[PDB]
Amino acid sequence: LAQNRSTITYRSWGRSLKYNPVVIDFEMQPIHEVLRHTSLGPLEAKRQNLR
Amino acid sequence: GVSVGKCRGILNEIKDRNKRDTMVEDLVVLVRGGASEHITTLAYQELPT
Ligand SMILES: *[C@@H]1O[C@H](CO)[C@@H](O)[C@H](O)[C@H]1NC(C)=O
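Sequence order for the protein chains is R and C. Numbering of the first sequence is given in full-length UniProt numbering, commencing with residue 434 and proceeding in unit increments. Numbering of the second sequence is given in full-length UniProt numbering, commencing with residue 397 and proceeding in unit increments.
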């Protein structure tokens, strides 16, 4: 698609986007935050150490 | 016999020219529904339809 900016390429470009969609954007949080939301229960010491 | 003469001349020329041109264009699209290949075809910013 990089070569040309015409309508001939956007068709199959959107088709391939349907085939394989890349990640457009994502919200993020530190990795120590997911430890609080685990089934293992309280992990405050390990969470603070990793923070 | 006495002879005397005097001559004087002056010329002044000033020229000024200014030219300024500006043109811009903007485009905003907001489409919701059917994000398939056809709407990507229609997402062509240059052609209007
Ligand atoms: C895209 O391809 C068409 C067909 O070859 C061509 O006419 C057009 O000029 C191209 N667009 C460019 C080079 O920006």
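For the record, the hints were derived by calculation from the structure and aren't laboratory data. Treat the hints with caution; some may be incorrect.
Claimed, not checked - From the derived model, a few chain R residues whose C-beta atoms are all more than 12 Å from chain C:
| id | residue |
| --- | --- |
| 1 | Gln436 |
| 2 | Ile441 |
| 3 | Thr442 |
| 4 | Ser445 |
| 5 | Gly447 |
| 6 | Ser449 |
| 7 | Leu450 |
| 8 | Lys451 |
| 9 | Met461 |
| 10 | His465 |
| 11 | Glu466 |
| 12 | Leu468 |
| 13 | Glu477 |
| 14 | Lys479 |
| 15 | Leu483 |
| 16 | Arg484 |
Said to hold, decoys possible - Estimated spans, in silico, between C-beta atoms of each pair:
| id | chain 1 | residue 1 | chain 2 | residue 2 | range |
| --- | --- | --- | --- | --- | --- |
| 17 | C | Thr418 | R | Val467 | 24 to 34 Å |
| 18 | C | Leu423 | R | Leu434 | 14 to 24 Å |
| 19 | R | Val455 | C | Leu438 | 33 to 43 Å |
| 20 | C | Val425 | R | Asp458 | 12 to 22 Å |
| 21 | C | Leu443 | R | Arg448 | 16 to 26 Å |
| 22 | C | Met419 | R | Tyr452 | 36 to 46 Å |
| 23 | R | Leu476 | C | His434 | 12 to 22 Å |
| 24 | C | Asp412 | R | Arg444 | 50 to 60 Å |
| 25 | C | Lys415 | R | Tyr452 | 50 to 60 Å |
Said to hold, decoys possible - Away from chain C, derived, C-beta distances all over 10 Å, residues of chain R:
| id | residue |
| --- | --- |
| 26 | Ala435 |
| 27 | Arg438 |
| 28 | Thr440 |
| 29 | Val455 |
| 30 | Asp458 |
| 31 | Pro463 |
| 32 | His470 |
| 33 | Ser472 |
| 34 | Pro475 |
| 35 | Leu476 |
| 36 | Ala478 |
Where a beta carbon is used, it is the ideal one built from N, C-alpha and C, also for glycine.
Whether the CB-CB distance between C/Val425 and R/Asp458 falls inside 12 to 22 Å: Once the Cβ atoms are compared, 18 Å apart, the range 12 to 22 Å for R/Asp458 and C/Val425 holds.
Non-interface claim for R/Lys451, where every Cβ of chain C lies beyond 12 Å: At roughly 6 Å from the nearest Cβ of chain C, R/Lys451 sits no farther out than 12 Å, so the non-interface label is violated.
Least C-beta distance from R/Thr442 to chain C larger than 12 Å: Per Cβ check, R/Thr442 is inside 12 Å of chain C; nearest 10 Å; violated.
Least C-beta distance from R/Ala435 to chain C larger than 10 Å: holds, 16 Å
Least C-beta distance from R/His470 to chain C larger than 10 Å: holds, 31 Å
Interface exclusion of R/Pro463 relative to chain C, criterion Cβ beyond 10 Å: holds, 32 Å
Minimum Cβ-Cβ distance from R/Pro475 to chain C exceeds 10 Å: Consistent with the label, R/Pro475 stays out of reach of chain C, its closest Cβ about 43 Å off (over 10 Å).
Least C-beta distance from R/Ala478 to chain C larger than 10 Å: holds, 46 Å
Outside-interface status for R/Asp458 - nearest CB in chain C farther than 10 Å: holds, 15 Å
R/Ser449 remote from chain C - nearest C-beta pair above 12 Å: Check fails; 8 Å does not lie beyond 12 Å.
Non-interface claim for R/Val455 versus chain C (Cβ beyond 10 Å): holds, 14 Å
Exclusion check [R/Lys479 not at the chain C interface, CB over 12 Å]: Given that every Cβ of chain C is farther than 12 Å from that of R/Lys479, nearest at about 42 Å, it holds.
Hint check: violations occur at hints 2, 3, 4, 5, 6, 7, 8, 17, 19, 23, 27 and 28; the rest are consistent with the structure.
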